[PDB]
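In this view, the complex is presented without one of its protein chains, the others remaining in place.
Chain naming follows the written order as A, B, C, D and E, and within any one chain the residues start at number 1.
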Amino acid sequence: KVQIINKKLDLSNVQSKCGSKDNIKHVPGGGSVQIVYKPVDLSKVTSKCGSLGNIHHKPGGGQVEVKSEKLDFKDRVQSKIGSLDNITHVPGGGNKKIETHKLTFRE
Amino acid sequence: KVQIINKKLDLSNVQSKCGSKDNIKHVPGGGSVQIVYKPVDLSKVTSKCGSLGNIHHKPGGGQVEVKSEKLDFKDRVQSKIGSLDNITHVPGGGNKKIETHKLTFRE
Amino acid sequence: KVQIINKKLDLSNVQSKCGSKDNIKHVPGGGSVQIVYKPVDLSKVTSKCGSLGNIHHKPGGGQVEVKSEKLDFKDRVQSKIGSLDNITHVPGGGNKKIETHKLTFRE
Amino acid sequence: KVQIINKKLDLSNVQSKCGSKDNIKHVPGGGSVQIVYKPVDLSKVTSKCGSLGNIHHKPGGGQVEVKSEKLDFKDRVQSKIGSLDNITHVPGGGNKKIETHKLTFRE
Amino acid sequence: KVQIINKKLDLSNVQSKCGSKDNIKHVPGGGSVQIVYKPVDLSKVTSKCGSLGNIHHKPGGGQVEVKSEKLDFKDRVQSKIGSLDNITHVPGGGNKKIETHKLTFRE
Partner (left out) sequence: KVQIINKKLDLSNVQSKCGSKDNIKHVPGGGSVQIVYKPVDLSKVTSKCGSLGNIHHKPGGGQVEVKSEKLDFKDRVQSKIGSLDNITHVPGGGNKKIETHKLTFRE
């Protein structure tokens, strides 16, 4: 009766880089709406019920409401732009990622 | 009775780079709506019920509502643009990704 | 009774680079709507029921609503553009991806 | 040598009701020019000249000059009219114009 | 040598009701020019000249100059009118104009 087990994950939710490295840029001249909706939502619902069990699982969702009624721009909207986002994203390293995962079993 | 098991994942939800490396750019002159809807949604619903069990699983979804009523631009909308997004994304590294996954079993 | 098992994944949901490396760019002159709808949605629904079990699984979906009523641009909409997106995406590395996955079994 | 003369007019310019009983009415909605030019002009030019007599009779006439360059009516011109000129011009008199001009000559 | 003369007018300029009983009415909504030009002009020019006589009779005439350059009415011009000119011009007199002009000559 020699029992030997190596096991990584049995019941797991792994979420990496969720809503990540994000640039949201707005240059309105006039009358502009920008909307960004990033729900990162995670649920383990384990449920045991019965016998007239009245379960009402109701996660209210998000709401966005916009009402513009009176908007007038009588004369002038002018946008003179030179330069957005001068980005040198320079990864210059000759990196070494050594990832040892070694599995020795002598029975 | 020599039992030996190596096993990585049995019940797993892995989510990598979800909604990732994202650029959202708006240059409205006049009267513009930009909408971005990134729900990253994850559920393990384990349910055991019965016997008049009345289950009401209702995750409200997201809502977006836009109402513009009065909008006038009587004279001038002008957009003179030189340069957006001067991006040198320079990965210059001669990287080494060593990934050892070795499986030794001597029975 | 010599039992030996190597096994990677039994019950697994793997999602890599989902909604990833995304550029959304809008240059409206006048009267523009941009809509982006990226739901990355993941569900393990394990259900055991019966006996008048009334299951109502109802994930509300997302809603987008746009109503423009009064919109007039009496005179001028002008867009003079030089340059969008000067992108040198330069991967210049002679990378080495060493991926060892070795399977030794001596019975 | 009995000389008797009755004589009314020898050298006469008579002008009665000249530019008279005049109604000029303008109800412009938008962009209207109304021009009225009533010169009542009277000249007795008695001239005796000669011998290199250089006569330059030059009555400058009237000038009217209208220059409209930039005229825009972007949205609305509305004219709702009930009643112009409710005129009871009522001459109600049984007038008597007795005009005696009697010419008695007993020679 | 009995000389008898009755004589009314020899050298006469008579001008009655010149530019008379005049109504000029303007109800502009927008952008209106009304021009009225009533010159009542009277000249007895008696001239005797000669011998290199250089006569320059130059009555400058009237000038009217109108220059509109920038005129915009972006939204609304509305004219709601009930009643102009409720005129009871009531001559109600039974007038008597007795005009005796009697010419008695007993020679």
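Rule of thumb we're sticking to: a contact is a pair of C-beta atoms (placed from the backbone, for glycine too) under 8 Å apart; a residue touches a chain by one contact, two chains touch by 3 or more.
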Item checked: Sole residue of A:74, A:80, A:97 or A:101 that reaches the chain not shown, by the stated touch rule -> A:74
Next item on the list: Write the list of chain D residues that the hidden chain touches.
Entry: 2, 4, 6, 51, 53, 60, 62, 93
Notebook entry, point to check: At which residues does chain E meet the chain that is not included here?
Noted result: 1-107
Next item on the list: Over the whole complex, note the residues of chain A touching the chain we left out.
Entry: 72, 74-75
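One rule holds in what follows: only the chains that are shown with their structure count from here on.
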Margin query: Over half of the residue-numbered contact pairs in common: that is the test. Which of B-E, B-C or C-D passes it against A-B?
Written below: B-C
Next item on the list: Using mean C-alpha positions as chain centres, tell me how far chain A is from chain D in Å, no decimals.
Entry: 88
Check: Where the CA atoms of chain D average out and where those of chain E average out, how many Å apart are those spots?
Finding: 5
Check: Hey, how far is the Cα centre of chain A from the one of chain C, in Å?
Finding: 9
Notebook entry, point to check: Out of chain A, which residues touch more than one other chain, so two or more?
Noted result: 37, 50, 61, 74, 94, 103, 107
